[PDB]
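Knowing the structure of chain A, use the given hints to seat chain B with the ligands on it.
2 protein chains.
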Amino acid sequence: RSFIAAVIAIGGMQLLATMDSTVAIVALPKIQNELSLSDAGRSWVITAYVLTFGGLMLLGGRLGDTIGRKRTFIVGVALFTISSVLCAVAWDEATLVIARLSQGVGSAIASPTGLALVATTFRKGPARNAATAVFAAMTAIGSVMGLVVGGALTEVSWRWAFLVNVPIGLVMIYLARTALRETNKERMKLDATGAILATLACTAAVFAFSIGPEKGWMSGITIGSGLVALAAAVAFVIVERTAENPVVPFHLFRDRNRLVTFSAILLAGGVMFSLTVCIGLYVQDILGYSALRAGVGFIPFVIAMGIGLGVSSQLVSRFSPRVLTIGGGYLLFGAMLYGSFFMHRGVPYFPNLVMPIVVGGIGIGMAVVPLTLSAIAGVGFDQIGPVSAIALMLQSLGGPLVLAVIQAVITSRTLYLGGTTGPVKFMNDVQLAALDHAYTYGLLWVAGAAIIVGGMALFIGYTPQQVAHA
Amino acid sequence: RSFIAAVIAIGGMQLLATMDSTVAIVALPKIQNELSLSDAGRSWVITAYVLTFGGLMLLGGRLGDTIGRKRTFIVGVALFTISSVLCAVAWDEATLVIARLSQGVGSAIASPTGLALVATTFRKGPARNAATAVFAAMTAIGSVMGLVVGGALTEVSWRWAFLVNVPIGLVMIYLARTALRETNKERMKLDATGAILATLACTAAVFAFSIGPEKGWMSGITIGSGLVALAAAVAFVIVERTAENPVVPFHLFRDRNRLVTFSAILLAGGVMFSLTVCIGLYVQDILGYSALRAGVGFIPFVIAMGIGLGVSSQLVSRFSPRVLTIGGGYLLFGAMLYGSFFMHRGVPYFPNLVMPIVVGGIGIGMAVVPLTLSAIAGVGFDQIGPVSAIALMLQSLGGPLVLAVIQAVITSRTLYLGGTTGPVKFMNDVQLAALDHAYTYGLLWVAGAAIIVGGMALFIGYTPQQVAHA
Ligand SMILES: CCCCCCCCCCCCCCCCCC(=O)OC[C@H](COP(=O)(O)OC[C@H](O)CO)OC(=O)CCCCCCCCCCCCCCC
Ligand SMILES: CCCCCCCCCCCCCCCCCC(=O)OC[C@H](COP(=O)(O)OC[C@H](O)CO)OC(=O)CCCCCCCCCCCCCCC
Ligand SMILES: CCCCCCCCCCCCCCCCCC(=O)OC[C@H](COP(=O)(O)OC[C@H](O)CO)OC(=O)CCCCCCCCCCCCCCC
Ligand SMILES: CC(C)CCC[C@@H](C)[C@H]1CC[C@H]2[C@@H]3CC=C4C[C@@H](OC(=O)CCC(=O)O)CC[C@]4(C)[C@H]3CC[C@]12C
Ligand SMILES: CC(C)CCC[C@@H](C)[C@H]1CC[C@H]2[C@@H]3CC=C4C[C@@H](OC(=O)CCC(=O)O)CC[C@]4(C)[C@H]3CC[C@]12C
Ligand SMILES: O=C(Nc1cc2c(cc1C(=O)c1ccccc1)OCCO2)c1ccccc1Br
Ligand SMILES: O=C(Nc1cc2c(cc1C(=O)c1ccccc1)OCCO2)c1ccccc1Br
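Keeping their order, the protein sequence lines are chains A and B.
When you line the first sequence up against full-length UniProt numbering, it's residues 49 to 518, in that order.
When you line the second sequence up against full-length UniProt numbering, it's residues 49 to 518, in that order.
For reference, chain A alone in the conformation it holds in the complex:
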């Protein structure tokens, strides 16, 4: 009971953040019908959460040291649960933006502390391997349940979908309080100036990136904000040289195996993000599956991923992360190749969707556990805070960068085959066939990126003694 409550409590914010993220995507069309926030306002509800999630994440890593990791986990999760209630009673556009900003602040504080808790509470060995498998398991369970919950009761209203995080948020706070021990260490002074410039640089960079498409990549407010991001980043690096208790220990990423590992998760997160988005839009637009049936159809992904994670936890103590990452990616590579050739519209479910999803899930499950263990391998307790934050930050940062290239390929080929860059709701059934072949073509580009990820996975070079022993 003590072990089971511990792993469930630690992985709670992974369940909440991913489940809330998918519910937001499902409920975004109906927010437009009610609030009438226009097409400009459609992205602010998504970018508001992302803006402060990425802005405050590096602050949230070191915050667990100077206040405590367990208290930081409850405080961060509690703010998220409260923010979801305010989000579900939004009056207008302004209230919904402030509510989404508050959720990201709560999730920015708690997400790094969740992975840092994995590193600290469970001693290296089978306990950390099992905890890592469960931590990555609830990441996938949340997203599917978001589709099912979002797709199930979105008909009655979109407000009820957001209130569903309150029962889950409260039970995780109850489990965390009654199953985690506040290890009383000496509190460490926070880097005031170092954290201010990091938060300023990250928020400004995200603002410029998000606001570019809306207003223009050279208008002046985009590059103007990017100039402030560059200025803060340079001043942050200069100040961190002589900084005590740094927000980012740059000296730490000189091991020649931390850089390789942290470069791998950066692009591996980009491949995973572009894969979920592309498959999500393809299932929604081409197949027309709807959220409820799409969510119920992805249950085999969760069961398949659970098998891959469970197997890999046992295998990580005998095989190095190098082979397991390549072995898992190899399975995913076949699943995406199969889905790149036999994925026309109207194909049945069992032979064409159950198999590649199940095979791909085991590949993702197998490769996630070794990467997570090697990310948090051999750091300490005074430097595990920021290192966990950077692993989350690089995972999320690689999403838009790779996906931007992929979406350009979808758009380029959709015009080449004959198609329109408008909404799917107006298509000629031949422009819609062009879009069908554009998505299937871009899946090869995602496969090309996955090859590069495996290319630098060959430089990881961690033995299983460092990551999953003692």
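Keep in mind that the hints are not guaranteed to be accurate.
A few chain B residues that face chain A, going by a derived Cβ cut-off under 8 Å, partial list only [stated by the list, open to error]: (1) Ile374; (2) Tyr378; (3) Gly382; (4) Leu385; (5) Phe389; (6) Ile499; (7) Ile500.
Hints in this document: simulated from the structure, not taken from any laboratory.
Backbone N, C-alpha and C fix where the C-beta goes; we use that ideal spot for every residue, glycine too.
Below, chain B with the ligands without anything else, positioned relative to chain A:
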């Protein structure tokens, strides 16, 4: 009985040529101890066959159009059979060279005609697909038989190893005489100047490439012969402009999927040749399996390849050559990755050699049939000669080019890990471990080359109607 005698007869030269090559490899050390031809002559027995095999191949493609494809097949195989008897009674170094030259001339005349017989004897449809599988099947049966026969009765004498080709050589002539019909077409005049310059250019290019390492890449006989190859090649291209009945129809390779397909088999053949040479030296030097037990240990490869060829022959009428080539290569990719991580000296047979060999065999067998069908797809009868000759030539030309890069990587890492560039018979068991890990490393570079082959295979764009229908 007519179909079985036909397919066995047509692919007989592939059995002879491949089997003879492996027997010469196995028997080379014992030829040295008797004839005492020194290290300089060690390669002249191998390069003499290759020098004239590549030199006369392009002339042998057009030779069936002016004399007859059935007559050319019997004459070529008969000269190979007669040359093997002379090769087995060699008195000294000079006569062994002349005997190997005569074998290559017979193989150069028969090999292009053998693949031309596949295209012309069997109508497009299930007959050609089954004949292609058998044609490729007996290439691998021949290689493994060369190990088993070479390694079995090498003990008594190496001369008996070369006489084993006479019972097989005679029966393939008998089958070809009583199972192939001489389709009486009008004989087409031969290109005199074009064939002469093509033979001169190819022989000089091979002579310069072969004699380079022995004498040096800049001595004057290397670039001097290379100068003759370039002068002949340029003159050959000039006279082929106004050539009636050309030896190489350059205009034919402008379809944008003939170039892609023929570039695939060039580098696909280079990948395959480096894979057998690297695995052959690894098994010989590191594992110390000896020829007889190595040959018996590769019997699962023949059975595994037979399953792959048999499955692919039925699947090629429903799936395009694009997906089958990628599907076959994907299986080979996993086998080579598995062998690149869990292949140390001293590992057992069943878990570490039977599985990667069987999986790799099915992968190669699956990919071989679609490539062969698309290579000979949509040509005719008056241009099938040179097209098949070019396909055999590019397959054989890609071997040394890719293998030169792979061997350079093997050597470089052997020194990096701490090793010696001498023979394996003097090793310190720590320099042999460095060589062991060098071969395992170079298997990754072969896997990188296979990926590039897969990328080019996506541009084939043949439907199954063009290659395996009607
Ligand atoms: C991977 C990082 C490793 C380092 C990780 C180390 C760094 C520290 C963090 C550790 C914890 C994170 C791991 C969590 C598990 C991995 C995430 C995941 O897997 O989560 C499920 C996902 C939705 O949840 P998420 O919100 O997490 O999504 C991803 C995030 O957004 C961005 O990472 O859903 C899917 O799997 C999509 C389906 C997969 C398809 C399989 C292939 C079939 C292709 C056929 C084509 C058919 C259609 C045609 C189409 C054209
Ligand atoms: C101490 C350490 C070191 C010190 C420090 C030393 C210095 C650090 C080195 C950094 C990286 C250098 C190169 C990185 C680029 C990637 C390599 C690459 O580009 O080459 C990939 C290679 C060949 O192919 P290419 O054709 O590209 O090469 C030829 C030309 O590029 C084409 O012209 O392929 C492979 O063998 C990879 C095998 C695995 C792939 C199959 C499975 C998928 C992988 C995992 C996915 C995980 C998903 C996770 C989701 C959960
Ligand atoms: C492929 C061309 C397609 C276009 C073809 C179209 C063009 C026209 C011609 C068509 C007919 C040719 C096809 C014949 C079949 C393919 C050849 C083949 O397959 O023949 C068996 C081969 C020996 O016969 P060959 O003499 O023909 O050899 C090749 C030639 O020399 C050059 O092509 O043996 C082997 O398979 C080696 C073992 C394979 C290993 C599998 C992966 C395991 C890796 C684990 C590593 C463990 C050790 C570590 C190591 C470090
Ligand atoms: C008609 C069909 C057969 C055409 C498809 C063949 C090519 C047009 C495509 C198929 C896959 C593509 C490759 C897939 C992956 C990549 C990796 C890509 O790099 C990235 O994804 C980098 C992402 C980043 O910027 O962070 C560069 C192009 C490349 C080599 C692509 C080059 C073009 C390729 C070979
Ligand atoms: C010892 C540890 C640190 C592992 C490090 C190995 C990697 C640095 C190797 C393994 C796979 C290699 C790649 C495999 C194949 C290729 C294709 C190669 O070009 C070819 O087409 C090779 C075949 C040829 O034409 O000769 C260019 C380098 C590259 C990307 C290689 C670059 C170096 C890589 C990444
Ligand atoms: O995120 C997952 N899907 C999606 C991601 C998206 C997206 C849509 C989806 C959908 O699925 C979907 C939604 C409504 C109706 C039909 C399908 O539209 C914007 C970009 O992001 C996902 C969750 C769990 C498991 C696998 C996945 Br692919
Ligand atoms: O040609 C095949 N092997 C070889 C190729 C070689 C080579 C050696 C071998 C051997 O095997 C071998 C020979 C003697 C003792 C032990 C092993 O030395 C020079 C370079 O070429 C082969 C044949 C059929 C199936 C698979 C293969 Br890999």
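Using Cβ atoms only, decide whether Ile499 of chain B comes closer than 8 Å to chain A, and label the hint accordingly.
holds, 7 Å
### Task
With chain A as the partner, please determine if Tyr378 of chain B meets the hint condition of a C-beta pair closer than 8 Å.
holds, 6 Å
Practice task
May I ask you to test the interface hint for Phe389 of chain B with respect to chain A, counting a Cβ-Cβ separation under 8 Å as satisfied?
Solution key: Holds: closest Cβ of chain A sits about 5 Å from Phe389 of chain B, inside 8 Å.
Review point. When the nearest CB of chain A is found for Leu385 of chain B, is that gap smaller than 8 Å?
Key: holds, 6 Å
Would you check whether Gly382 of chain B satisfies its interface hint, that is, whether its CB is within less than 8 Å of any CB in chain A?
Holds, about 6 Å.
### Query
Per the CB criterion, is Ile374 of chain B less than 8 Å away from chain A?
At about 6 Å, which falls below the 8 Å cut-off, the nearest Cβ of chain A leaves the hint on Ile374 of chain B intact, so it holds.
Does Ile500 of chain B meet its interface restraint, that is, does its C-beta lie within less than 8 Å of any C-beta in chain A?
It is violated, given that the least Cβ distance between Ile500 of chain B and chain A is near 11 Å, above 8 Å.
When each numbered hint is compared with the structure, a violation occurs for hint 7 only.
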